[PDB]
Amino acid sequence: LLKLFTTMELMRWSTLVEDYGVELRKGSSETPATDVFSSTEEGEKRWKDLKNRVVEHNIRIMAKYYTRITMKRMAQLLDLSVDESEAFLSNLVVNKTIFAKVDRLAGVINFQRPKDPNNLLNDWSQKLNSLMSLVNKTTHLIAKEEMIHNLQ
Amino acid sequence: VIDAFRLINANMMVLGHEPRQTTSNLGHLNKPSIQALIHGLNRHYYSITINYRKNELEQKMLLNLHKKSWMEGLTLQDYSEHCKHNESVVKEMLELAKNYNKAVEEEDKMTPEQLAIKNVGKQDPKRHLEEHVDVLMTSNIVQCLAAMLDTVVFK
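Chains as they are written, first to last, in the numbering used here: chain A, 1 to 152; chain B, 1 to 155.
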């Protein structure tokens, strides 16, 4: 249960519920089946929340890692329809769980800010500066490796 | 501020013997701290000449600063930062501008104390507005010039 969420990979509720259903509910604590908070009967009240959490997490990882994905691919993972996802998207962004913009076409999800001149500008400076720091550092290591004891 | 003394007695100064002994000197006199120091100096042997043994190899060592100038000449910052600088200066320039109108209309006065009160001559809008255009121009040129240079060369 810990290992799946920690590794950022795309998943879906449909598989997640069935599997964990057998593990968590069965799990011997001190010794009994009971542990609650998404395991047993009482645990079911908390479990409902777990579904919502999978869908906030799927949209988050895809947002961070990718910059564009289609809305049809996104829905399959979340286990929503487009009309259902769209409602959910309006409230998520307001709390600031994620930043994402979805359309009605289901052509695309822009997980970046729209292509305005400032983002392009910003990246272009950062790319330049990193190279210059790296070329300096490598020359210092290289100098020892070359000369050495002067046995070669 | 360095001085040299061999140090010889008071009488030698008084007689006027002490300049006969110094020959092969030029001498000099400076005053870090008033008449009391001058008197102390005269009693001693006053300033006997200091020459320096120096040359270009030693001179080159002292010259240095940073080889790190190599990385720095090329470096330019994030574009958001370029914008911060430009904004801060234009905003600043607005404040001083209102005095500037008066400055050009008047300033018949050439007497520094009177001018200061009259057309806000002290805290002058001319000095500062010029100073401001000049930082903004130079800053924008070096940042812009570097970004472009790096682009062509690395790829």
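Because the hints were derived from the structure by calculation, they are not lab data. Be aware that a few hints might be false.
With a cut-off of at most 25 Å between alpha-carbon atoms, the simulated DSS-like pairs for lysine-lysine come out as follows [stated by the list, open to error]: (1) A:137 with B:155; (2) A:64 with A:45; (3) A:51 with A:127; (4) A:127 with B:31; (5) A:115 with B:84; (6) B:84 with A:137; (7) B:68 with A:115.
Just so you have them, the derived chain B footprint on chain A, three or more residues with Cβ under 8 Å [what the hints assert, rightly or not]: (8) 34-43; (9) 52-59.
Here are the computed distance ranges between Cβ atoms for each label pair [what the hints assert, rightly or not]: (10) B:64 with A:143: 17 to 25 Å; (11) A:12 with B:69: 18 to 26 Å; (12) A:133 with B:64: 16 to 24 Å; (13) A:124 with B:89: 20 to 28 Å; (14) B:69 with A:67: 34 to 42 Å.
Note that beta-carbon positions come from the ideal geometry of N, C-alpha and C, so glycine has one too.
A quick look at each hint next to the structure:
| no. | hint | verdict |
| --- | --- | --- |
| 1 | A:137 with B:155 | holds (20 Å) |
| 2 | A:64 with A:45 | violated (31 Å) |
| 3 | A:51 with A:127 | violated (40 Å) |
| 4 | A:127 with B:31 | violated (59 Å) |
| 5 | A:115 with B:84 | holds (21 Å) |
| 6 | B:84 with A:137 | violated (31 Å) |
| 7 | B:68 with A:115 | violated (37 Å) |
| 8 | 34-43 | violated (count 0) |
| 9 | 52-59 | violated (count 0) |
| 10 | B:64 with A:143: 17 to 25 Å | holds (20 Å) |
| 11 | A:12 with B:69: 18 to 26 Å | violated (56 Å) |
| 12 | A:133 with B:64: 16 to 24 Å | holds (23 Å) |
| 13 | A:124 with B:89: 20 to 28 Å | holds (23 Å) |
| 14 | B:69 with A:67: 34 to 42 Å | holds (37 Å) |
Consistency with the previously given hints fails for numbers 2, 3, 4, 6, 7, 8, 9, 11, ordered from lowest to highest.
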